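First, one chain by itself in structure tokens, the form deposited without the named molecule.
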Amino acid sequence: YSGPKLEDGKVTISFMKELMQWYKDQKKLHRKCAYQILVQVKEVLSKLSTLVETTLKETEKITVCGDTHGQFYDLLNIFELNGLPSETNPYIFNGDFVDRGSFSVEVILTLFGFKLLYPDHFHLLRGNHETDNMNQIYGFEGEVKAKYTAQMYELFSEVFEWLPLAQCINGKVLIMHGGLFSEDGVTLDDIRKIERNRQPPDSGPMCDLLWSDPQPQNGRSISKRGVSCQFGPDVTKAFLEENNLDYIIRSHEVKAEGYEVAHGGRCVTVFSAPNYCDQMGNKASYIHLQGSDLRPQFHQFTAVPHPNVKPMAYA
């Protein structure tokens, strides 16, 4: 084995750079190293609140990405466009790191790598595809069993259980993968109290955060996904007012342009997987926010070449 190794059992910036090059060339990280990252990140994640609260001072910025879905070569393109993660270049990745794309293992161990290297500046939120049900159908379990073993897969499942469910910047912007709630009156305190180390239930606040979608019309509708609901602008407005927030950012739905701003400004979608599943032809984006001005600035990008492995080859 001539590949990437931890230094004194710990991630460093040169390990991350070597890892990204090894994966680019389609090589595999030794299982003992993969194991080391997974157990260390479980310990870092298990300490966090379900709601991560982050303060952006006035000269500080942060980058919010949406779904990446195993599109490793597009993940690399984000860091090329926008810079590597660092204490002065923080990132939030908003769920759905794995499934569908056939480089899910590469995406997730690079993200967990960076989370270990920059724990206060590199943030991962749980999406609905960081769950067993989804992984078993949409490729990630298949992929892990192929590259490692069922054991390694069970360890990834347990680490996903500790991913925080939402993030709040400056008590003003709330970020979550899916969206808002199927009942009125949920508060930031309620989110903070969710016991999140589990597979999500069929219903309730934890389920809604991962699974819900905005709709243009007022009210709530039964979801076309069969779980949670669609929520109208009136739901968003009431939630923002009670919680003293400006707007939300969520991901979870593919967008032709890479983003959407719904509910008159209040409900922004960001989606970071360009030409999704090699068929959608969509653009992707990420968002820049800054401490002196939290209004979203959208950056669009398109797909780069990747090796000839098809989407869901492992499902």
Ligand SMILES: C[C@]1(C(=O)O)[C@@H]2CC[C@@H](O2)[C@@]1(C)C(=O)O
Given for the second form:
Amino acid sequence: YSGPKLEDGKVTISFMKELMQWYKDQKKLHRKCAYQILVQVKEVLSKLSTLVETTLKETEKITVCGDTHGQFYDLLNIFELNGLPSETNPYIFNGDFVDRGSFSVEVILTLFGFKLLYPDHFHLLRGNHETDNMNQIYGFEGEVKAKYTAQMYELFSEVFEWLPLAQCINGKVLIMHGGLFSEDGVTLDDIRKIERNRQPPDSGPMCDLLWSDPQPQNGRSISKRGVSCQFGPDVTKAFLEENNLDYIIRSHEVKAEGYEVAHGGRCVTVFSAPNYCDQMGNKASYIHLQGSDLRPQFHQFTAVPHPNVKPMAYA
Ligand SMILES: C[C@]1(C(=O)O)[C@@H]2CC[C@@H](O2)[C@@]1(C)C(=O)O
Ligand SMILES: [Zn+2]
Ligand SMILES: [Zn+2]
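I've shown you the form deposited without the named molecule. Could you give me the structure of the form deposited with the named molecule bound?
Complete assembly follows, chain above in first position.
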């Protein structure tokens, strides 16, 4: 084995650079190194609140990306366009790192590596795909079994359970993969108190955070997905008012231009998987936010070439 190795059992920037190249070239991280990253990131994640609360000073910025779905080559492209993560270039990836795309193992170990390297500046929130039900069906379990073992997959599942569910920046912008709630009256403190180390329930706020979608019309609707609800602009306004927030950023739906701003400015979607599943033809975006100005700035990008593996090849 001549690939990337941890230094004194820990991730370093030189290791991350070697890993990205190893992966670009379609090579596999030694099972022992993958194991070490999984055990170490589980420890880090298990210490975090369900609601990560981050302060951005007025000179600081942060980049928010939505779903990536195993599109490793597009992930590399985000880092080339926007710079590598660092203490001065923080990232939030908003769920759905795996499944559908056929380089899910490469995406997740790269993201985990950076979480380890910059724990206070590199943020991962759970998506509806960081769950067992979903992985068993949509490729990630298949991909892990092919590249490693069922045992490695079980370890991934355990780590996913520790991913936080939401992140609030400056007490003003709340970020979650899915969206808001099937019931009124949910508070930031309620989110902080969610016992999140589990597979999500079929209902309730942990389910909603991972699964809900905005709708244009006032009210709530039963979701077409068969889980959670669609929520209207009235739901969003009431939630922001109670919680003294300005707006929410969420992901979880493909958008032709990579983003959408709904509810009169209150509910932003960001989606970071361009030409989703080699078929959608959509643009992707990431968002920049600055401490001095938390309004969202959208940066669009398009798909780049990848090796000839079809989406869902391991599904
Ligand atoms: C279909 C998607 C998925 O399966 O995760 C994929 C495409 C849009 C968004 O990401 C989606 C709807 C989601 O629910 O996360
Ligand atoms: Zn998704
Ligand atoms: Zn989703």
